[PDB]
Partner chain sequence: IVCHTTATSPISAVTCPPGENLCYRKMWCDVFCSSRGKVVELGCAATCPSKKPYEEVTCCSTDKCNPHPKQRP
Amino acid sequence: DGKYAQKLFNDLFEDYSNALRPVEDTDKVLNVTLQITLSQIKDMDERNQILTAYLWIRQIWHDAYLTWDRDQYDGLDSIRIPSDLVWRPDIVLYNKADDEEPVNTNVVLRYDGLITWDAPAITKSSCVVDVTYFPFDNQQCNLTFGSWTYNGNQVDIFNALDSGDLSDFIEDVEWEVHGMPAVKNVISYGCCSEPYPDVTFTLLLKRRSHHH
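Requested chain, on its own and in the form solved without its partner chain:
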């Protein structure tokens, strides 16, 4: 009984471009919320001052062109669609230190155009040491995310949460996570430029104690 999911798919995509920002009117902004879930601290390189982190990135937004009437599809109200088929906001890690592989994913598309996209990621980024605050062996590792393609009048980005999600991550032997607070920064240039937003997570690491 996937008959309806196929009908929907064929219907949604008869005339649909994954290159067109999916708003009904071009001067409307499209908002995206971002949540970062830390999965593991793969490597803290103190020689290069580079953090390698494994994350889950969750992006949520509305697509104006991918809606449908549940009644016309035997109640079907959600479908999983390869992510390459839909327009995406092109949110990437701005402060990559890296070179810098792909891994394919699906989005969940709800009948009201709401797209939820969970995708794994590996980030390499530079960190700054601090030995001012206890235990005097710490790292401040910023991760800054933003659209590579769109300015803030086109795509505006927001934190879903006050901080990165640290509920479940593999945990590193040398470094403890002290926090990962999130902020949003919007920069505009000179008197009159378009805005350029990002969200930044500051992962605060402190050297693990092995004493007591």
The other form holds:
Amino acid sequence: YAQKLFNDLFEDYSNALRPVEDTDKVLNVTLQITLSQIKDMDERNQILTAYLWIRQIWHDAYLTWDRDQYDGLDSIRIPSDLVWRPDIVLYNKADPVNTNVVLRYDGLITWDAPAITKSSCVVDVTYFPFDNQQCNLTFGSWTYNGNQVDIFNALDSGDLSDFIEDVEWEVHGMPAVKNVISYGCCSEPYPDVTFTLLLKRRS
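Can you return the structure of this protein in the form solved in complex with its partner chain rather than the form solved without its partner chain?
Keep in mind that what follows is only the chain, not its partners or any molecules around it.
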């Protein structure tokens, strides 16, 4: 069974050090959100509350096994707190429920996970329709520069597809943009993607 694959990959590994062969090469990560719902467009504090799923994909050079000789098992699901994760958080926050990861034979990891976010929104209205509201969602790592971890969007839109058409608020766009943030503390820039949500409403 796969428990002798899981025998494990985990005596010579614990989530602390980045699973690259040696330190000063880079571990990239693919990131995309799947917007599910606008829980509340708090107009009068300009806070957007939203339910989301967060896709993060990356390679762990230490969690590889040859499949043929483990009775050909392609991949296992395992605890996120048990594998190295890019501690990728919400930069844009204003004010979340643990799951598991699909690790592949080639050391590829796929973590979807759900989120609630209170993020700030801004109005400046024309680009009419009557009322557009811009709500940016900026994600980036909590502990790692682009020289330890670079982070890419899966595509230059935030996935609506399984978006769930709210009755007063209308997603017109959700483009993504990739920036670096400098930060006077030090030490290389901090990569960050920004899903930018633009809504209006029927009257």
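Each form is matched to the other, and the largest set of C-alpha atoms that superpose within 1.5 Å is called the rigid core. Numbering follows the first chain given and starts at 1.
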Considering only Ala64, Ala160, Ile187, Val183, which residue exhibits a C-alpha shift of no less than 2 Å between these two forms, with the rigid core used for superposition?
-> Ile187
Core-superposed CA shift of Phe134 between these two forms, in Å, is 1.7
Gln35: how big is its Cα shift between these two forms, in Å, with the core superposed?
-> 0.9
